[PDB]
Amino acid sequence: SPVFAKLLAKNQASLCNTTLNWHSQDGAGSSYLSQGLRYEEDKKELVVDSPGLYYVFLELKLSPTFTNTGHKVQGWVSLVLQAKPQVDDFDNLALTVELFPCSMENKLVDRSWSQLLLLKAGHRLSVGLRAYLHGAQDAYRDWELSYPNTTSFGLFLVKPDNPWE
C-alpha cells in the first residue's frame, strides 16, 4: 500500500506563535494516515516509520475574520516544518505569506509548499504557526485557521532507502 498522510489542522480562532494541532482522522474512525505513519497528539508530531525520500507538503489556508478590513494589517504569516532530527537543509523549511499594502485583500489566502526530503526511521515532524502582524489594534484577530478552509500537512514515500549507500 502507498505510504501517504494528509492531516487537517484543528481550528485556530486567531494567529499566534504555537505548534499546530492536527486532526489525524475524519468524523469517523478512518484515519488520514496510511501504515508506516503515526500521529502523536501529545507531541503534535507525525512519526515516520521507514527511511527514504519523502515528498513533504504544507498548505496554508488563512481565512479573514469579521474584524479584517483588508488593507491596514500587514506583516507575514508562516507554516514552519519542525523536523526531529534536522534534515541536511532544515534551515528555513517554511511556507511564508507576506502581507503588503500593494497586494493585500480581505480575502482567503490559499498557499501551498513542498519539498523532497531524506527522512530517517522514527523521523518526527511537527508544524509551527509563526506570524508578525501590525497596522491595527488586535491585528492577530484579523486572520484565522478554520474549517472548511482547512490548512493541511502531509507526506508520501517517493523512494525507499537503499542500505548499501
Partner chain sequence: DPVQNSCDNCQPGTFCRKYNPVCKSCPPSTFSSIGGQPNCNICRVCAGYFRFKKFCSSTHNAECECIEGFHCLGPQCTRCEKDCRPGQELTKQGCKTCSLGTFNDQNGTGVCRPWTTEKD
Contents of the next structure:
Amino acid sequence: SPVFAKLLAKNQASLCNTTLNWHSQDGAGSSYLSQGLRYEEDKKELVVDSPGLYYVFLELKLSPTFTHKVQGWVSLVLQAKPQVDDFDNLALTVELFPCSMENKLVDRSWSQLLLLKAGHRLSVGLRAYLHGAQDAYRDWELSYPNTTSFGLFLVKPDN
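Provide the structure of the form solved in complex with the partner chain, given the form deposited without the partner chain shown above.
Next comes a single chain, given without company.
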C-alpha cells in the first residue's frame, strides 16, 4: 500500500516563531495519514515507519488582515530528527512587499526528495520577520480556509 500524508496547520493564524501543530485525524478537513505513518500531537512530529526516498512538501498560504507599507518574510522550516545532510535548503521562504497586500492569498510551495531512515521524526517550524508598521506582525496571518499544509509520499522504498 502507498505511504502518503497531507496534514493541515492546526490552530494557527498569528505569524509567530513557533513549531506548528497539524490536523492528522481522519475527518479533520482534507487531512490524510496512511498506514506507514503516525503523528505525535504532543511532540508535533510526523513519524515515518519505513525507510526510503520520500517526496516531502510544504505549502505556505498567507492572507493580509488589514485594508502603511509592510514588508518582510515568512518561512516554513522542515525539522528532521535525525538530521538529513542538507540542513540549509530545507526551508520555504516567502518575501512580502507592500504590494503583496493586493493578493487575497499569497501561496508558495516547497518540495524535496529526501532519504529518510526508519522511525524518522519530522516537524515544521514557523518563522517570520515583519516590519514597516507598529502592527507589522498582525497585518499577515496564515490563510483560512485554504490552510497551510505539510506532507510526504514514499517514492522509492529502500532495498
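Basically, rigid core = biggest C-alpha set you can superpose within 1.5 Å across the two forms. Numbering follows the first chain given and starts at 1. Residues that one form lacks are left out of the comparison.
Here the two forms are overlaid on the core, and between these two forms the C-alpha of 101 is the only one among 135, 128, 101, 122 to shift by 2 Å or more.
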